[PDB]
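Could you build the full structure based on these sequences and the hints that come with them?
4 protein chains.
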Amino acid sequence: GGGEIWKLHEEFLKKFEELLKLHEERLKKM
Amino acid sequence: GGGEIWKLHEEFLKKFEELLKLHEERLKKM
Amino acid sequence: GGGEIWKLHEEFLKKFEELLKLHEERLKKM
Amino acid sequence: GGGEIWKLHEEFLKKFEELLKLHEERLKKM
Ligand SMILES: [Hg+2]
Ligand SMILES: [Hg+2]
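Protein chains in written order, with the authors' numbering: chain A, 2 to 31; chain B, 2 to 31; chain D, 2 to 31; chain C, 2 to 31.
Just so you know, these hints were derived from the structure itself, not from any lab.
Misleading hints may appear alongside valid ones.
[As the list claims (entries may be wrong)] Beta-carbon label-pair distances, calculated as ranges:
id: 1; chain 1: A; residue 1: 22; chain 2: C; residue 2: 4; range: 20 to 28 Å
id: 2; chain 1: B; residue 1: 27; chain 2: C; residue 2: 2; range: 16 to 24 Å
id: 3; chain 1: B; residue 1: 15; chain 2: A; residue 2: 27; range: 36 to 44 Å
id: 4; chain 1: A; residue 1: 19; chain 2: B; residue 2: 3; range: 25 to 33 Å
id: 5; chain 1: C; residue 1: 31; chain 2: A; residue 2: 30; range: 32 to 40 Å
id: 6; chain 1: A; residue 1: 8; chain 2: C; residue 2: 4; range: 38 to 46 Å
id: 7; chain 1: C; residue 1: 31; chain 2: B; residue 2: 26; range: 16 to 24 Å
id: 8; chain 1: D; residue 1: 25; chain 2: A; residue 2: 18; range: 14 to 22 Å
id: 9; chain 1: D; residue 1: 5; chain 2: B; residue 2: 2; range: 25 to 33 Å
id: 10; chain 1: D; residue 1: 20; chain 2: C; residue 2: 4; range: 44 to 52 Å
id: 11; chain 1: A; residue 1: 8; chain 2: D; residue 2: 4; range: 40 to 48 Å
[Stated by the list, open to error] Below, simulated DSSO-like cross-link-like pairs (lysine-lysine); rule was C-alpha separation at most 27 Å, straight line:
id: 12; chain 1: D; residue 1: 30; chain 2: B; residue 2: 22
id: 13; chain 1: A; residue 1: 29; chain 2: B; residue 2: 30
id: 14; chain 1: D; residue 1: 8; chain 2: D; residue 2: 30
id: 15; chain 1: C; residue 1: 30; chain 2: B; residue 2: 30
id: 16; chain 1: A; residue 1: 15; chain 2: B; residue 2: 29
id: 17; chain 1: A; residue 1: 30; chain 2: B; residue 2: 8
id: 18; chain 1: C; residue 1: 8; chain 2: A; residue 2: 29
id: 19; chain 1: A; residue 1: 29; chain 2: B; residue 2: 8
id: 20; chain 1: A; residue 1: 15; chain 2: A; residue 2: 30
id: 21; chain 1: C; residue 1: 22; chain 2: A; residue 2: 22
id: 22; chain 1: A; residue 1: 30; chain 2: C; residue 2: 30
id: 23; chain 1: C; residue 1: 8; chain 2: A; residue 2: 16
id: 24; chain 1: B; residue 1: 15; chain 2: D; residue 2: 15
id: 25; chain 1: B; residue 1: 30; chain 2: B; residue 2: 8
id: 26; chain 1: C; residue 1: 29; chain 2: B; residue 2: 15
id: 27; chain 1: C; residue 1: 22; chain 2: C; residue 2: 8
By construction, the Cβ of each residue, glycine as well, lies at the ideal position given by its N, Cα and C atoms.
So this is what it looks like as structure tokens:
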């Protein structure tokens, strides 16, 4: 039910934050 | 699924939009 | 950098928001 | 200049689409 759905979203939320964080990171290193 | 699972999907798209605006802010100042 | 590089940043945040809405659409129908 | 910035953004735009695409993929397999 929502339990699995929640975990799946929490997982990609985290991935997406890593992606953003990575983006601005390289944007500086540049 | 049913409109129940939808509340969950909406809940996170909202957190997604939040991350994006913060990201925009960081770039702006950057 | 200067407001020139800003045009670029804005250009892609816009494409980012576009991907998100499409994603919302898919989930909605899903 | 904008050339590098552009490529960097095009790179994460692509990554972000893979992420979204992956998300809805697992959302179905569920
Ligand atoms: Hg999502
Ligand atoms: Hg970006």
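Hints, verified against the model:
1. Residue 22 (chain A) and residue 4 (chain C) have their C-beta atoms about 24 Å apart, which keeps the hinted 20 to 28 Å range intact.
2. Between residue 27 (chain B) and residue 2 (chain C) the beta carbons are some 21 Å apart, a value that agrees with the proposed interval 16 to 24 Å.
3. The supplied range of 36 to 44 Å is broken by residue 15 (chain B) and residue 27 (chain A), whose beta-carbon atoms lie about 27 Å from each other.
4. Hint check: residue 19 (chain A) to residue 3 (chain B), Cβ distance near 32 Å, so the stated range 25 to 33 Å holds.
5. At roughly 37 Å, the beta carbons of residue 31 (chain C) and residue 30 (chain A) sit within the given window of 32 to 40 Å.
6. In this structure the supplied range 38 to 46 Å holds for residue 8 (chain A) paired with residue 4 (chain C), their Cβ-Cβ distance being about 41 Å.
7. About 34 Å separates the C-beta atoms of residue 31 (chain C) and residue 26 (chain B), a value inconsistent with the hinted range of 16 to 24 Å.
8. Judged by the Cβ atoms, the range 14 to 22 Å given for residue 25 (chain D) and residue 18 (chain A) holds: they are separated by roughly 19 Å.
9. In this structure, residue 5 (chain D) and residue 2 (chain B) break the distance hint of 25 to 33 Å, their C-beta atoms being roughly 47 Å apart.
10. Between residue 20 (chain D) and residue 4 (chain C), the C-beta spacing of about 23 Å breaks the proposed range 44 to 52 Å.
11. Checking the proposed 40 to 48 Å range against residue 8 (chain A) and residue 4 (chain D) shows it holds: the Cβ atoms sit about 42 Å from each other.
12. The straight-line distance between the Cα atoms of residue 30 (chain D) and residue 22 (chain B) is roughly 26 Å, inside the 27 Å bound, and the hint therefore holds.
13. At roughly 12 Å between alpha-carbon atoms, residue 29 (chain A) and residue 30 (chain B) fall within 27 Å of each other, so this suggested pair holds.
14. The straight-line distance between the Cα atoms of residue 8 (chain D) and residue 30 (chain D) is roughly 34 Å, outside the 27 Å bound, and the hint therefore fails.
15. Among the hinted pairs, residue 30 (chain C) with residue 30 (chain B) is inconsistent with the structure: their alpha-carbon atoms are about 41 Å apart, more than 27 Å.
16. For a cut-off of 27 Å, the pair hint linking residue 15 (chain A) to residue 29 (chain B) stands: about 23 Å separates their Cα positions.
17. Distance check on the hinted pair: residue 30 (chain A) and residue 8 (chain B) sit about 39 Å apart at the alpha-carbon level, beyond 27 Å; violated.
18. Between residue 8 (chain C) and residue 29 (chain A) the CA atoms are separated by roughly 14 Å; this keeps the pair inside 27 Å, and the hint holds.
19. Pair hint residue 29 (chain A) plus residue 8 (chain B) does not hold up; C-alpha atoms about 37 Å apart against a cutoff of 27 Å.
20. For the hint linking residue 15 (chain A) to residue 30 (chain A), the alpha-carbon distance of about 22 Å falls within 27 Å, and the restraint holds.
21. Restraint check for residue 22 (chain C) and residue 22 (chain A): the C-alpha separation of about 20 Å stays at or below 27 Å, so the hint holds.
22. A C-alpha spacing of about 38 Å is found between residue 30 (chain A) and residue 30 (chain C), which places the hinted pair above 27 Å, so the restraint is violated.
23. Between residue 8 (chain C) and residue 16 (chain A), the direct Cα distance comes to roughly 21 Å. Compliance with the 27 Å bound is thereby established for this hinted pair.
24. With a C-alpha separation of about 16 Å, the suggested pairing of residue 15 (chain B) with residue 15 (chain D) holds against the 27 Å cut-off.
25. Among the hinted pairs, residue 30 (chain B) with residue 8 (chain B) is inconsistent with the structure: their alpha-carbon atoms are about 34 Å apart, more than 27 Å.
26. Only pairs whose Cα atoms come within 27 Å are accepted, and residue 29 (chain C) paired with residue 15 (chain B) is accepted, the gap being roughly 21 Å.
27. A C-alpha spacing of about 21 Å is found between residue 22 (chain C) and residue 8 (chain C), which places the hinted pair at or below 27 Å, so the restraint holds.
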